[PDB]
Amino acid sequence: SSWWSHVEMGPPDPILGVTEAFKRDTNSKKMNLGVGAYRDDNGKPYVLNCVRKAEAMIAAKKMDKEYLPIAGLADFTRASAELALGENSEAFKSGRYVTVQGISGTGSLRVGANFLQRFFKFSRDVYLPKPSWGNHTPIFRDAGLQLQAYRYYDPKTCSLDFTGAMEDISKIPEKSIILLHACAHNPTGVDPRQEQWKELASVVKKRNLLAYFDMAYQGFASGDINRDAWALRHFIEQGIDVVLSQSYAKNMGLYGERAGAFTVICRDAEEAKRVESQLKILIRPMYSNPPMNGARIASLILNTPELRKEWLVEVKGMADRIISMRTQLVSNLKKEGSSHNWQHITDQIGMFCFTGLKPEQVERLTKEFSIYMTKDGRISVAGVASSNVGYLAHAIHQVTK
């Protein structure tokens, strides 16, 4: 019947827009700098070698497809917490942590979000940085929480507005919830330094806030997995009990397999067992049990010395390629005879880059060079390759000189 007559067509996605437009375009010189996934030097999706190995191993075993437990694969969840906290870490050693398998980063974030909605009696506000990953808004909003914001990115220098963020944090009502990106901020690429994180911790500790870490790029950011979780660790060390979402989408390139986790740092193991129980009660009516393929794969790798050694080599290779590209892009702009400062492009970490380009410059980049990106000036370094970085440098100079 006419049950759905009142349902309107939802707005379009800009990003998707960017991609379709890239598709039509008949310039063979076209570049898609909108891509939100890694790409190798040949502009192709990259399936890691340790992943193909883990896969063949699973195959070789004729494993069943039986339902996994609500909280996920135990070998997987433990390994995840281990990867985040560190092996000789107090939180880990004493087991006061609770880790659940989620549907990649997103579902992990979502589950935590609904956890807070249900049990965090202290507040309803979630502080997100300006700007933050697009999906962050509706996630917390649909879970039924309210959104607020703290200054983070600085448009004048395309770096961190330390002054502005401290000021804002110093003013957040005690017991509020603050969301922090562990590394490789998305979408700017701007991450605080160590001294700056020390400061941020003190104050977060001070005003007694609940820190919610979104760790979607451990290993993939600097190529060092310890280095990448420094901020998260420092926070716990300082006695701050965080909450965290992990995703294996990028670091292991497990994109569509959906492997991730959500962890809660509790006072002790007792309480952790309590928290785990409510987490299961919350998860069951959402999807019952999580998808097994991706967890099995990540598990084998973290838990099998030979594959893990190899994994570390590969992730480092991915970060190295991106870093090189950033590197090459600046050096080519100097070579084109650009007189503007482009250090931010190398100061920035991870897959995304806030170029600082204005909307009119971006329109021109599109129309004249067939370089497709979002109007915010953001670029996905993954779309850059040895074979096109020159051209790209060339076009930037041209729309900016």
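Residue numbers count along the first chain shown, from 1. Just so we're on the same page, rigid core means the largest C-alpha set that superposes within 1.5 Å between forms. Compared with the form deposited in another entry:
- Once the larger rigid part is held fixed by C-alpha superposition between these two forms, the smaller part shows a rotation of 14 degrees.
Please supply the corresponding structure for the form deposited in another entry (the preceding block corresponds to the form deposited in one PDB entry).
Single chain only below; no partners, no other molecules.
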């Protein structure tokens, strides 16, 4: 009877755990459609061109590796605030915001959730859409808050339950927290229409809810960054002080370098100055200061005009390509002879497709074809290339036949 004899075997991650099993498969045809990760049209990991050149300059600069302030590299801190908010922004231009570099999206989410646990004096309830990014629960639940839900997807239809959403939303108790995904809602890929968005804006403002925005896909929903941040900016200009979390994992393909940011819209510059002090104190007994390489790559790109341009050409290139694969997917399905309606594939936006497949169908895809996706039926179309679109399609067809 040792210290840890009582410690039982936990299960593998629901998403992350899929790459671990994918890795062991010997099928030379295996496809890893589970994590949200981008592959080029040869189905190879794609390290963006502006990333490769930003590395070379850091390199060339011969930089030191000294600890960064607890809140992160300032330029990166400020360049994100601005990319999230728009440069003309009154919030941004008044300096009533505090952005802290975090350990990507996940890590900004958690510093935030931990900020709310500690200073969000009006409620312990965080309302997540139905469904949501499976990690959002444990994020919030280990942080110390309570989890709730509001209706969002309509599986009979393959779209938003806008009536059910505003019924749940207009009834959440005042001063509660509501998580809303900026764009490329995960795992559904169905976002409120701008129209829908003005209405949610109203109810949130009216019920006085703390709006927490998750923006892990900025530029993946429409292929335009500014367009993808509309919703967030529409909120803030309606006078809603939201908190937000950003990831550069996907739009800059910085996955394992981990660069991301957590921001709070405050009342004045002075309040901003005090929420910062307190966020630092929270982050010091955590990991002390943040990972420098991603932060430095991102900043040089966000802040060097030509790198900023090259990056948007490349973000667009990525969005288009997912599109081309959606398209090509539905068509081989028809071609294979599927009888099913696959229109949601092409209708959905972002890196995934919320397919509808059941678990037995997922399970045989894995086992007869070496096609790994999450058991909720989600596949990452981001990771399909010109050369296995045909394979997936036939597989999807066989197990669906």
